[PDB]
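Only one chain is included here, represented as structure tokens and corresponding to the form deposited without the named molecule.
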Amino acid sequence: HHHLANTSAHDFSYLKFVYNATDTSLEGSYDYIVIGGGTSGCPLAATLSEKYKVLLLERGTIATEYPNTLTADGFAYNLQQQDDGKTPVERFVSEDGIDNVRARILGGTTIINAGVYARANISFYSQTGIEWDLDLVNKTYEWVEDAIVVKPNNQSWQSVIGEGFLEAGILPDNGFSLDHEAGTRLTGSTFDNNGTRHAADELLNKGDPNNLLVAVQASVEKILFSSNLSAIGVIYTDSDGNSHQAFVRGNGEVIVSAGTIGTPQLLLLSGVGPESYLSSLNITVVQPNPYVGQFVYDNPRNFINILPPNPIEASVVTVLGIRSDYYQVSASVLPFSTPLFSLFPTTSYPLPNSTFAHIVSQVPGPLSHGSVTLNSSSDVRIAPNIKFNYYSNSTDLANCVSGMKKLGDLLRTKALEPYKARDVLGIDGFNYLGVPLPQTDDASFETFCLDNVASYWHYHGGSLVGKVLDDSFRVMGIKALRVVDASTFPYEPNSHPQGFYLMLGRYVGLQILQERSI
């Protein structure tokens, strides 16, 4: 933990090589084009720029345009803000009926998220069967952590929840650790101890400022292709609606880093995907693959809200209670009269009048899956349809039951006892915002899980390694095309995956360079 970042202002030095996509002089040949300046995309583009000419295209603007993205205090504002098509938070509703968000900004979802930093479960690497260079993975985590991760200072509510998890049997006590392991710990945060947000856009500062160019408000609409099928470039439009082209040259590559939703969407619009589906939309099939936009996952969030009779201090999540079958945390949150879109799964949810503890459990995997399909067959700015099929797999429901029973145990701890409105024996002594925990039968817990599910926001899949990609993240059947982002895996790396996806952008960047050099 020598390596971690210090308290520091958000480093915008990289803006010296950020340009409006309206600039036609960005058009031309590069060694690499990275689509999506997000969690994976920014460290990938920065890494490739050490040796080669890179163009990073991001649909959103720069985070300075939306100052409430730059502090812990600002987190609520960004989810409360109406989506006018330019804001850093893009709102959507799954076909399941569950409200959700994705980022639209340079730095991607690291500019809007809850700041929690963790490394992958060390068993994840062997689970994938990918031949990881595990020494390099660990060097890559330290490169991220040196730049943007701190050891969080103590927060009253997080310490209460930590004592509660330990008392409720989420053992052992792991103290301060970045590692995803069974038990209770303080993990890292991308919010510094002054409340400054640090994010994936800062990793652009590790890029070579003579090799890296970033275009913002660059909406990438199509991947361009070469009978030896290759990606050759992209079409992108600017904020005025004019079209632009860029190309890769020589042994260069296009990498799609547009997220679980953006990646499959762009692959389908470009004619990569299921043959009968694309041919049903009269989209010319460049590469038939049945799995583009298939195996899309959203880990369920289930929760209760308690309203302590004395105010609690608002906190960012730093304390985690991990078991193999559920991952638990709690935020303490100020009251509001404008809802945080997707905090609760629909717009019809009570507003809190006082400070509340949002106490949550995450279902691992999950095993339930759905898909991304096109709404428009031409317009990338029209959000695709996304369905997660929450609790379609009975294992997921069984795991939520275990998690909700454990939150029951948590509300019974001496740790939490001071936060009750009534000094009675039962957890009905708490005041609840919304639905409280339900008897000695699983069926009431099942109904609670099914009825009150929300998004954890850690959705993943749609371009899986083993289905769309090979073990080098290449799109099977296409040269000079890769995918690096959360679309690539069908299970979580851990409870809080930003750490893994930040590492993955640089790691795959280093594998591309090593491949090159031979």
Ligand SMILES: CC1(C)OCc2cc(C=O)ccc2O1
Given for the second form:
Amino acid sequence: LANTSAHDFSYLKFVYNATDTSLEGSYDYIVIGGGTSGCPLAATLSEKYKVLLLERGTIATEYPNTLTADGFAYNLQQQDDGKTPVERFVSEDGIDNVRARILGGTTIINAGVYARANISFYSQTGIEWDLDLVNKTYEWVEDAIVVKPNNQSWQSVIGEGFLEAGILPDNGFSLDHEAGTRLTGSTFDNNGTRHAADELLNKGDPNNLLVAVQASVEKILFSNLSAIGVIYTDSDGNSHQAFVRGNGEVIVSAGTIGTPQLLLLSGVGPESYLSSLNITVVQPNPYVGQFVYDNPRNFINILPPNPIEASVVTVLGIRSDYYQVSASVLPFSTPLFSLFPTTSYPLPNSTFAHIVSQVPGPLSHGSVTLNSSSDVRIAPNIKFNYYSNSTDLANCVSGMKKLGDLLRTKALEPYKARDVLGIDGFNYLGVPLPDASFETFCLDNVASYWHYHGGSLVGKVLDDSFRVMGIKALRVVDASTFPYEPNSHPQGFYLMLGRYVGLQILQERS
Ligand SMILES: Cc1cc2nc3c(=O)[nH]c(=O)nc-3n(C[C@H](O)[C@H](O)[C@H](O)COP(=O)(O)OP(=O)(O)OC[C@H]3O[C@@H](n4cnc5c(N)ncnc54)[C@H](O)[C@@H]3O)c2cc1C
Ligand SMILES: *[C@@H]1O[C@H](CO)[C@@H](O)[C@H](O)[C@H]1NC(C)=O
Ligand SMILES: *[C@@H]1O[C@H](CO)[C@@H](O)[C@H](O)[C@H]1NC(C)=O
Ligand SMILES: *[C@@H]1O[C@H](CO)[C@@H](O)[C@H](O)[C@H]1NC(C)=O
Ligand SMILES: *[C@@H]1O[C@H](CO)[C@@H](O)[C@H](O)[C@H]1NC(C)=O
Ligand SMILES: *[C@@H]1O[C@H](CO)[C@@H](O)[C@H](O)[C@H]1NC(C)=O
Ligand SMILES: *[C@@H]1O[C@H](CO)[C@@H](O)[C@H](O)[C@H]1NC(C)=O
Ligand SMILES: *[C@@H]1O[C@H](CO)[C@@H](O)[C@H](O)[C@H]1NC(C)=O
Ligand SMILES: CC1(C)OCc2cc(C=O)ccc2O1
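Form deposited without the named molecule already given; the form solved in complex with the named molecule follows:
Below is the whole assembly, all chains and molecules, this chain first.
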């Protein structure tokens, strides 16, 4: 595991403004999106080959509140001016949400929880994974940016509570997604310093890796149909081109939202849809931007009568049908955008525990469609269809019942306002817990867990080597690739995946 240490910006020695036309030319690899998967992918490829990583956002030093645990709230409170590390959006379901716009991607703005994929996930996918290498790649990530968290009083309360509520066994400290209660890893260190995917660029070869920031990739260029390069615009609005050469490849790592958007803008997607927008079809595929998922977050907020210490989430309660955590949160008068599903939600006057359950899968899905047929800076439309699938609603009911059981534990009893027998002894911010009343509560108070995925699925858009079917020299590696979560907290899987696929590409080519 990593030690406590300052965020390592050594890689800035090979980070350039996209305004620099001398970045234009031929590379072995172009990676689109310097995010969770993109950074370790570009770093891994750079060991042997000339790599250009293109990121639309700027560098994290521009936004210092990205670099500490106590800055997390600030980035969600900050208004979206088009340059900030948090890009705000609202799904067509009406649920507020955010995505990253910064070098390091969503690892620079997230809640830092680190876990490995459920070990059953690999065989569920039917992909022929090299499982030894998957595990070597987790250790490569974890040695760089993951710590064993110190004890935090609220996380310890919640962990005792989960165990008392029957979320067994006690797994102690473990990175594994397994049934029961555990302390997991964190990408915040014990000093509260954020570590992130951008630090994995420090593993790249500084003679082979170049990173362009404020590089907005607008189109994949095509040739036996092959990807050959990209068009990208800089912060001044000028256009630039970069190309791959020989046996090289373009990899799209622009995320659940960015990947399908760029594929559609490039003419890769459903024929009738693209034809309807007068976008010339390069490669018809009915599934680009289809099977987009957002695992529901359902929650209560308790307001203890005595202050609790704020905490980062480290203690997880895992069952097959729900994944539960709690954060202890300082009061604020500026809302954290997407913490609550709309801007019309009460402000907390005192410290509160946000007590949460996540629906696995989920089975409900929607889509990403273009808002503009030309401008990548215009966010696409996204709809998740929360609770359209009744299995999802059934699983939320089970989770909400378990949060009921948690509020009844001796662990939580000291946080009640009134020493009465029932959970009405708590004071709530927003809607308290109440099968039909649990269904209404699930449907009406749903928020994003922020762990959205899909839009470029393996088995739909991609083959088992993450290649776009029908196109040579084009891959996709990010959270657009899988229809189900790998675990409760997927950043660990997607960081591993960038390097892993990087290694498969180098092997394929060797
Ligand atoms: C607020 C929040 C909290 C979270 N908390 C946790 C947690 O604690 N633990 C956890 O495991 N998971 C957490 N997640 C989820 C997890 O962090 C993400 O699912 C994962 O990081 C997604 O990785 P990605 O590579 O698919 O996307 P990203 O990391 O978002 O990378 C995509 C990159 O592409 C760039 N980009 C997009 N389009 C273009 C373009 N056209 N040209 C150039 N660049 C482009 C973006 O700016 C971005 O940097 C959280 C998510 C959020 C939003
Ligand atoms: C890139 O250069 C422009 C001036 O041409 C400036 O406005 C911008 O802030 C620079 N971006 C970065 C990331 O340095
Ligand atoms: C990979 O690591 C996990 C623990 O995360 C372990 O259960 C599993 O046996 C390992 N698998 C292999 C193939 O080594
Ligand atoms: C962490 O500290 C808390 C004190 O609140 C203690 O109860 C808990 O047992 C500790 N956990 C471990 C694994 O040491
Ligand atoms: C597509 O172009 C044709 C002209 O060839 C026009 O009739 C039609 O309205 C256009 N559709 C859109 C959505 O631009
Ligand atoms: C792990 O994934 C497998 C297969 O997809 C599933 O059967 C199991 O419920 C998951 N375990 C947990 C604890 O989520
Ligand atoms: C673009 O987005 C807005 C809301 O975000 C939506 O209401 C509008 O109709 C969208 N346009 C298209 C063409 O999808
Ligand atoms: C829910 O999802 C499964 C696919 O995983 C499907 O069999 C079923 O039709 C869906 N249920 C509903 C209510 O649509
Ligand atoms: C549990 C979850 C979703 O994640 C982490 C988190 C942090 C804050 C910080 O102020 C507030 C709420 C919150 O919620």
